[PDB]
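**Student:** Residue strings, one per chain:
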Amino acid sequence: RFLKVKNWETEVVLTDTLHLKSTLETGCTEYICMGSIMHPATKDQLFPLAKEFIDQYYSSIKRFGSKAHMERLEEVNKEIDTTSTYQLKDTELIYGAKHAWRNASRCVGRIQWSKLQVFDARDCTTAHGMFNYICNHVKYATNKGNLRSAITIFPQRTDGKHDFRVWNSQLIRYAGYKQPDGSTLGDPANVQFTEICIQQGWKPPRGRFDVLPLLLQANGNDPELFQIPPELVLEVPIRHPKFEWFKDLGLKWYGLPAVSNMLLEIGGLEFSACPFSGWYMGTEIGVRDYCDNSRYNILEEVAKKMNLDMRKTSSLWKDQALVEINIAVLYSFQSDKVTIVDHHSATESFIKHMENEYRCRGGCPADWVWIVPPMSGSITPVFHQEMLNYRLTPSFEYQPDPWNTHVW
Amino acid sequence: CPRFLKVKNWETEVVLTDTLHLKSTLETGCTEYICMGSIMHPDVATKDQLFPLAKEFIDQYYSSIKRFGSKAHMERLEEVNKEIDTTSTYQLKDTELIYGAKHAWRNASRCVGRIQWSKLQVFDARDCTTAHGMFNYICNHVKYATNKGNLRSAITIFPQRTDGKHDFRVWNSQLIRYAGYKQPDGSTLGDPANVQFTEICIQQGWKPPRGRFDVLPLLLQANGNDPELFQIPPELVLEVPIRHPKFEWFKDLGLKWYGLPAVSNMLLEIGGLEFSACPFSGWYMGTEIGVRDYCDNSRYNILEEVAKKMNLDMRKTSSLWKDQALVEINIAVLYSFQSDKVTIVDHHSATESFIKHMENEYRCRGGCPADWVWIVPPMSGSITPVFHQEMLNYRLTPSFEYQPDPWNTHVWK
Ligand code: HEM
Ligand code: HEM
Ligand SMILES: CN(C)Cc1cccc(NCc2ccc3ccc(N)nc3c2)c1
Ligand SMILES: CN(C)Cc1cccc(NCc2ccc3ccc(N)nc3c2)c1
Ligand SMILES: C[C@H](O)[C@H](O)[C@H]1CNc2nc(N)[nH]c(=O)c2N1
Ligand SMILES: C[C@H](O)[C@H](O)[C@H]1CNc2nc(N)[nH]c(=O)c2N1
Ligand SMILES: [Zn+2]
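Chains B and A supply the protein sequences, listed in that same order.
Numbered according to the authors' numbering, the first sequence spans residues 304 to 343, 354 to 721.
Numbered according to the authors' numbering, the second sequence spans residues 302 to 343, 352 to 722.
If a hint is listed, it holds; no wrong ones were tucked in.
Estimated spans, in silico, between C-beta atoms of each pair:
id, chain 1, residue 1, chain 2, residue 2, range
1, B, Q430, A, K560, 50 to 58 Å
2, B, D649, A, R624, 18 to 26 Å
3, A, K560, B, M623, 24 to 32 Å
Output of the computed footprint for chain B on chain A, the stretches with three or more beta carbons under 8 Å from beta carbons of chain B:
id, region
4, 630-637
5, 651-665
Calculated directly from the structure, the hints in this document are not laboratory data.
For each residue, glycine too, the CB sits at the ideal point set by N, CA and C.
Taking the hints into account, I'd like the entire structure generated from these sequences.
**Tutor:** This is the structure in structure tokens:
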């Protein structure tokens, strides 16, 4: 049935037909909603998925049922038959990668979806090769501050014993170190991964913002360490436009968010290594990275320097400090001509995107829990926007951390 | 359905195990292929529909008082069954009514204040027959709940639905709210949320003062009759003028708000019985006033004026002038209620208490249904502990439910 979503602020009603195309499961049932749970082949399984995907590709270029379409299905069937898998055409690789982004219900940045530079790395065979492809990606995407969205796609899974994996959760991240006195220097989120690099031979500077090395696994082999050339790593010193003391906090961050631990699924094929990157929404750094208790956790320090009353929660000293940090982040990136978007501009673009997608596509799967920013929720337009969440393919999926499945 | 569902807290690593979901009674709207978790709102019971619903509830009650399977349990079951057979409905005992109301609150997935669920004063108004009587009961409720600023949670329960043509309804969405007035020029005076209701009151004969904060009259329907207007005695309406501990100019904005949040348009369902008029009240979380009531664009919408008084650059969104003003307004709200000794809770305290409540519930009850979309506060989400807390949402009974607005269904006499 057609489903309607209302925006309670504008009263705009949109009608969703697209959800009828979903075949994957969401996690919820008729009796239990799991909307806030973070994470809820064979030849025989493979062809219908391949077919589903070839069909929507040829439907998308408006040549559904053409001789080209009929021949492609044939070629794929034969290939699955004779090899237990198949290879995508370049055009298909690009189409599928753009559509995995378009379908990512949790991403507020999807107005950009069709502007994605796709780097085909399916000829890669070694960790050195992966490193080369990754450097090129970082250089292209960074573009001296004028960030460009990109994805690099490594060879698809075969038997599962020969996966290509980027072990890093993002290409560029800061180390975290467990201290004898039990505290944590650097980023506490990366403590484990940092330990694995150390155990593997990495000589740690033991600073607060040490860029981690790349740990790269090719064809199921043991992962290998590489240092990203520093000239490729663009960073922004965080300062505040009014508090001249803010720079004295010694804060910085990297300009390029490049998630590298997801799995890209296209037409039944699985790409376990597909680092992709866009640009930051300010809150990702200013709210979560800096102010999560289990992350850099700087609220106290900033609040101190602001000389706030931190004796009672109801003084909202945390909220005040939170806003000023986010002002600083946006100001710093903007002053250094590095692409960044604030949560007001971003959510506004997402609403427009939604309207675009309902109009041309019959809907837009969206995960309110993720779309709504981690501060000032209800003063952004998405807070008041009803969303429907459903899973469309091609997609980006979670996968297990490689140190839990890998034998050495 | 799997027997054990686990929820994780991503900042503390605490994992909890839910079994209570097995007691889920109604559908959420989600299916295996779509989630409707951000959808706001996704003819009487027959004899045969009522029997198992009553038995389900009676069993649950007797289990709660450790008298399950007792002679008193079996006798109550038999007496209820007889009543349904010979009258096609039944009446709850006072003990059952009280247990039912507390549990509807305990089960309200969207409520962050549920640590308090067992301290609810229940006023039984099932003897009420007229709108003047409803007025008396509501006045008493307001006075008791207000308690000179030391607010006490309470519910007043009017007679249950019979044939559906004799419903008791409070037409107001909350017992105390401010009027809204649409102007010929398109502007709105007062609270734009309440324009429709205000118009209805004016048509019913209410003479509007036409101010910015006019307390709306009660519009009360008894026994399916046409609703009637009553003015709440103003001494019963506790209000707090909003000022700011630093900004001396904040008081010159002339804002105030009422101390008692008393939702009055919901339906209470107990054992298949339907109480269409069951006004209940607790106390405010500051953000309900400082974020939603004041800063929603479709509400009082004061961010701009505050921002201007704060001398902020309002030319770029990326200056975060809105966020900056929003915090100051919420500081003013908490400061003003605390100064006037009217109970209020800030969003940090409330969410931390809720996490403790939820953990206790998982341990003593086997779960705690929770709607993350509603539980996470409308500002500063991720610096409260509920943001990182996985939740499971499902519907248990007794429960509070939405019902249509009565002016849309009322057959005028
Ligand atoms: C171009 C600028 C972009 C912006 C501003 C943006 C913004 C965001 C934000 C703020 C989130 C929430 C992340 C979090 O809170 O941890 C997110 C999620 C996500 N984004 Fe985007 N994004 C962008 C580009 C991209 C690109 C290029 C891709 C892939 C080709 C992508 C795919 C995803 C996916 C799959 C998620 C969900 C991840 C998960 O489920 O854990 N995004 N995005
Ligand atoms: C005593 C202190 C209380 C606090 C701090 C509190 C807090 C809240 C808050 C902040 C919300 C979301 C409000 C919104 O954004 O509109 C809510 C919703 C709700 N509350 Fe509580 N509440 C309290 C008492 C009560 C009581 C006494 C009842 C019933 C007996 C109750 C039942 C509900 C229900 C049913 C909802 C969902 C409303 C809806 O779905 O529209 N609460 N509560
Ligand atoms: C844990 N892994 C999924 C990697 C990881 C680490 C930390 C945060 C996230 N967030 C997911 C995510 C995915 C894509 C993004 C694209 C752009 C952007 N600015 N943030 C994005 C964020 C993802
Ligand atoms: C729509 N109706 C349920 C009435 C209505 C009007 C305006 C706001 C709300 N919010 C829901 C709601 C329900 C119960 C509450 C109890 C206490 C409190 N502080 N807020 C509460 C808020 C509810
Ligand atoms: C679209 C969305 O469901 C709607 O804006 C909800 C979001 N969460 C909410 N949460 C609370 N507490 N109160 C609300 O009114 C809402 N509104
Ligand atoms: C429990 C909850 O699902 C979890 O904390 C989610 C909440 N919403 C989020 N939203 C975004 N954008 N990013 C996140 O990491 C999370 N975390
Ligand atoms: Zn759901």
